[PDB]
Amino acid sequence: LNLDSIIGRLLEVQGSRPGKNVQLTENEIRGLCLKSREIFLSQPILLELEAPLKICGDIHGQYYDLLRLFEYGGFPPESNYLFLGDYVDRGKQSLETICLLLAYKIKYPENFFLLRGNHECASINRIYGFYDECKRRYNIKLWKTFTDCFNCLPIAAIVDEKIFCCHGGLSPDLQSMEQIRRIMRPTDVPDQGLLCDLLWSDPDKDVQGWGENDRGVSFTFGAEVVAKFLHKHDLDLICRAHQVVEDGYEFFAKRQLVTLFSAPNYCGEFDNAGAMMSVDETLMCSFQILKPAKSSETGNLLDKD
């Protein structure tokens, strides 16, 4: 794998007009998938990470915004990164986005981390754009290779024994962290259960306990659920993604949970900023935002009726 060449070509379009594609070969992309998959399988499914770290939410194929985010935050390995999923679908350049993230995982495997979002599964990214982008530029077999890689992504991370990180949220089936550690890969994301909820659930200030989720998948959870969870596990913060928020970050339950969203002006239909949360070695958390100067929620389209 000609990793350094791949990274240089991905970064070269920084100075170019937005939307310029990067001309990787099929075999280069396959190599990124296969080598990153091996590394994901060699590391825990529940990552145990240490600050300092920058944590980022959804990107959705907004490759030029990913480049801007790295320029703003520091290109790897100048800063360590944890991404919370939703790399592909519902943007114009899922391929460049995921290829750069996989390349950095391979290049800096102990300093760069990617969790699985609900779009990193076959049934969702078949329909929300990634399959079609793969077919236009390469072929369906390449999409199948990506699926094998995504099926091996880790599902959650804990930073310094105090920040619990996942794409979606809590689950009524999450009583012990060992239940996450026991999940074996490769795996799909199911339509219900613990692994679904970690990738799909949302907080809701008006739910007492667990509620239905209008995505048609998983649950909503209230502030008291968050407080009880943090207390039981001696954690200080849930850090998740999965919802567009106006400032790119948004607190829930008296700052016991934060939502991060890293794709500014999402899909050209929202006027939101994209943010990342920087955690220093003292566990002081700060936000860096890139601000422009339910329609957005993915649901149960393929299966409802």
Given for the second form:
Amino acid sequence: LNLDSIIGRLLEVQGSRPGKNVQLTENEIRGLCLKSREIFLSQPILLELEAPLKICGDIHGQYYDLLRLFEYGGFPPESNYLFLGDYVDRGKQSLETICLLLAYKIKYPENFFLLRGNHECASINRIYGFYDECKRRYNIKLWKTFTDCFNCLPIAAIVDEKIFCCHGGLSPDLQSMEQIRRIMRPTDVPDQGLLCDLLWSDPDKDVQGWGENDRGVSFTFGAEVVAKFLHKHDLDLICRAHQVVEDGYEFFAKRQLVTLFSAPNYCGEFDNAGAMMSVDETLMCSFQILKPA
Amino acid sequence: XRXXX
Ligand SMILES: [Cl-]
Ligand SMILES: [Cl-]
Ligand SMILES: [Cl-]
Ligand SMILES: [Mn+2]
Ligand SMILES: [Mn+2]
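Hand over the structure of the form solved in complex with its partner chain; the form solved without its partner chain is what we had up.
Everything in the complex follows now, all chains and molecules, and the chain you saw is the first one.
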């Protein structure tokens, strides 16, 4: 597997002109999936990471925006990265997006990290674009290869024992961090329970404790749930993604939680910015923002 | 279409 060749071809389109595809070979992509899978399984399902690093939220196949995020933040390994999931579906270039991310994981496995989002899940792919993209540009066997890799992604990260990171949010079933550690891979995303909630739940200003989620799955959680969680586990911040936010980032619960969303002008249906969070050596947080067009 | 579009 020639990682540098692959990365070079993926980066060739920098400076376009969003639209131009990068079409790797089927064998190359299979290799990216198999090798990255191995690395994911070799590392904990609950990552323990060090600052400084950059944290990114949803990308959703907006490949040319991913390239802008790296241009702003430094291409790996110039900065360490943690992505919070939702690499595929909705956008025009999910394949380029996930392939560059997997290539970087293989090249820089101790300095580049990818968590699982609710879209790194076959039943959601089937509906929201990635299955169709794979069928059109490759074949459904390659889609299954991707799913097999997704099924091995880690689920959460803690940065320097103080910033708890996950795609969706908290769970009414999350009492101990060991519950996350015990989760065996490969696994699908279940339609209920801890793993589901970590990838699906949302904060809500109008809910006291736990509430119904209008997505039809998981829950919403209020500010007091966040406060209690941070106190119980001696954390300073929850960092999550999963919801489009106008500024690209948005604080909740007296700045005890932040939502990151990194795909600007999402679906061409929102006028949102995309943000990446810079976490310095002392865990101070700042932002790099792709303003809407 | 809320799955979120
Ligand atoms: Cl796009
Ligand atoms: Cl398509
Ligand atoms: Cl649930
Ligand atoms: Mn999501
Ligand atoms: Mn998303």
